[PDB]
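One chain comes next, on its own, written as C-alpha cells: the form deposited without ligand IPD.
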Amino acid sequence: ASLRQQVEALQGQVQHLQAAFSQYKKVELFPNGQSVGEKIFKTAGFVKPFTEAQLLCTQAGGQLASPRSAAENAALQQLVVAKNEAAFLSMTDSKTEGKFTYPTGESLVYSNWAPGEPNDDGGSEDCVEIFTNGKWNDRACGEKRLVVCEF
C-alpha cells in the first residue's frame, strides 16, 4: 500500500512537471524558435560566415539548420522571414563539387533549389543559403548569413 501511495504521489508530480514544461516550451520558442516535428530550429539572431556559424551550432550541441522535408523547410523559412535575413543551411559541396551533403556526408534527401541553382557562381559557391521565399541558393561560405541551428 506504501509503494501504491508513492506511485500515486509520483503521478501527480509528473502531471505537474508535464503541464509546467508545456508552458515553458512555448515561452522558450518565442520569438527565435520554431518547432517542427521532433526538430527545433532556433536562430541566434545575428549573421556569421559559414565556418563560424557551424561552430556555434555544433558547440551548442546541435548543428546548422538542415531541413529534410517541405515541412521543415517551411518552419525554417518562418524564422528567416521573421528576421528578414537569409540563413545558412548545414549542407555544402566542399568535398566534391556539385555533390551537396549533410555534415555527416550523407546525400540530400530533400532540396528546394531556386531555378538554375546550384550554379557554383564564380566557381566558388560551396555553401547553401535559404531565402525569405524558402528557396535555396549555393553561396560562398565566406559570406555572412543568419545563424540558425537545429536541435
Contents of the next structure:
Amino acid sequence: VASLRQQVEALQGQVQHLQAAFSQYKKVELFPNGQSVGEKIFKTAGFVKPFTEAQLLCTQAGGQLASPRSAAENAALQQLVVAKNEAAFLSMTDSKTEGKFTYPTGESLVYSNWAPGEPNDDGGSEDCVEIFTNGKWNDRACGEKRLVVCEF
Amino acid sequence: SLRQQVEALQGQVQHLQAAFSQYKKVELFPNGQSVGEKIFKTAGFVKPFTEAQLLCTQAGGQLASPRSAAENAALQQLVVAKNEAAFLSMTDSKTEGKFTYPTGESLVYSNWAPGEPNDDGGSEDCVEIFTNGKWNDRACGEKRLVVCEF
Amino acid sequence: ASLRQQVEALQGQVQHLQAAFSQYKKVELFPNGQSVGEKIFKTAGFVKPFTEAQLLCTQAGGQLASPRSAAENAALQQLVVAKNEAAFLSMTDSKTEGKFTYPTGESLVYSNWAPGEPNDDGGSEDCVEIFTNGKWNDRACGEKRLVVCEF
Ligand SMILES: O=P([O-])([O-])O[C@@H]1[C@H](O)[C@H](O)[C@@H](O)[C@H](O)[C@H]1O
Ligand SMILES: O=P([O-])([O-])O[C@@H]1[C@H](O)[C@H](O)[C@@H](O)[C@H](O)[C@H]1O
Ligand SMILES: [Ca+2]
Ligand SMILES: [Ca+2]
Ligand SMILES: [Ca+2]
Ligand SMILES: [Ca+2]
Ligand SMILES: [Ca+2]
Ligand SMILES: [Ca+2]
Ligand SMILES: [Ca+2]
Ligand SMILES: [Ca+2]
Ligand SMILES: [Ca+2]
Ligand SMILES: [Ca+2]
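Now show me the form deposited with ligand IPD bound; what you just gave was the form deposited without ligand IPD.
Zooming out: every chain and molecule, the one shown earlier first.
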C-alpha cells in the first residue's frame, strides 16, 4: 500500500519518459523511407526486385508486400513511390484464378485503384500488380523488377 | 494480488527500458547522431534547399539547426561520415545579410568560415556546413546532403 | 482502490507501448538488420578497412559482428547474402599469431573456418571475413569489407 504507492509513482515517471522518447524515435525511424498511416507502416527497402524475391524479403522480415486497403493507405504508399520515383509491387495476385485478385491470405480485394482499362492481363501473363507514381494500379508480369515496399 | 501485478508491471517497464536502449543505438547506426535531446539524421542523399526543406518538414522535423558548438560537432560527424557538405535550415532570404531560423528568429550561434557569409555572386541565401564544421552561405539551388533534426 | 485502477491504467499504457515498440522493431530491422536471440546485427551498407569499420561500430555503442553460435552465424550470413558482400568479424589474432580472440581478449567459443583456413596468407592476415556461404577466412585488415555491427 504505502511502499506500493511510491512504486506506482516511480513507474509513472518511467513510463512517461519511454512514451516521450519513443514518440521522437518513431519520427526518426520513418525518415526517409517510411510512411505511417493509421496503425499501418509502409517502408521501402530502396531497391527493386522481381515479385517472388520481393515477397520473400517482406515475409522474412515479419511483414508482407504493401497492401493498401483504403484510399488513405494508397495515398501514403504513393508518397514513397513518388519519393523514390520507382513504381512498386503490391502483394496481390490473380495467379490462382485469372481475373480474381486476392491478398496473400486468399481474401478478395476490399479496395483497388486500377488505372483505366486495367487489369488487362496483357500478353496473357500479368498476375502481379504495380502502383505508379500517380498512385494508380496496373497488373504486370511478376518477372519484372519493381520497388520493394513492405507493410508492418 | 495488486503487489504481484505491480511487480509484473515493474518487470515490463525494465524490459522496455533495456529493449529501447538497444533499439536507439541500432536506429542511429549509421546515419544518426544524438546530442542532448536533439537527433540529427541524414537521408543519405543530396537535394536542392527547397526540396530538402520539404522532406524534413513532412517528416515532422526540420533541416539541421545547430544551436551550439556541441550540436555543430555532432552534425559535423554525419557530414564527415558521408563526406558531403550539408544544408542547414537558416537563410537570409527575407532580409539580405540577416540569417534566421525557419521561425524567423535570429541566430543564437554561428560557425562561419573566414569571410562568410559573403552572398557570392549576389545570390547565396542558404547555408552549408563543411566537413571541417565551418559554415558558408551558398545558392539554394545547389544540391547538398539532406540532414534533418528531430 | 484508486491505486489498483491507477496500476491497471498504467499497464494499459505499457502494453500499448509494448505493441508499438514491437511494430517499430520489425520496421527498423528491414532491410539491413537481423535479430537472433537478444543480439542484433546491422549493416551500414558500405565497405571499410578493418580499423575504420571497428571504430564505426565502437562509436555507435556496439562492436563488429561476433557470431558465437551457428544460429548467430546464419543470421549474419543473411545480411552478407542480401548485400552480396563479404563482411568483417570483430576477431583478430594480432596479439598472438594463430590465436583469434574477441575485442575483449577472450578466445573463440565458435568458429566456421572454410577448408584450409585460417592460413595467415603472406604471413599477414590477422582479421576475419565471412563469405556469402557463411564460411570464414582470415584476411588482411587493410582490405575493405562490408561493415556489420552487433548490438
Ligand atoms: O509492355 P508495354 O507496352 O511497354 O507496357 C504495357 C502498357 O502500359 C499497358 O497499358 C499495360 O496494361 C501493361 O501492363 C504494360 O506492360
Ligand atoms: O563558386 P566557387 O568559386 O567555385 O566557390 C565559392 C568560394 O568557395 C567562395 O569563397 C564562397 O564564399 C562561395 O560560397 C563559393 O560558391
Ligand atoms: Ca494468369
Ligand atoms: Ca492475370
Ligand atoms: Ca496491365
Ligand atoms: Ca538574397
Ligand atoms: Ca544572402
Ligand atoms: Ca559564400
Ligand atoms: Ca531505422
Ligand atoms: Ca600476424
Ligand atoms: Ca594471422
Ligand atoms: Ca586466408
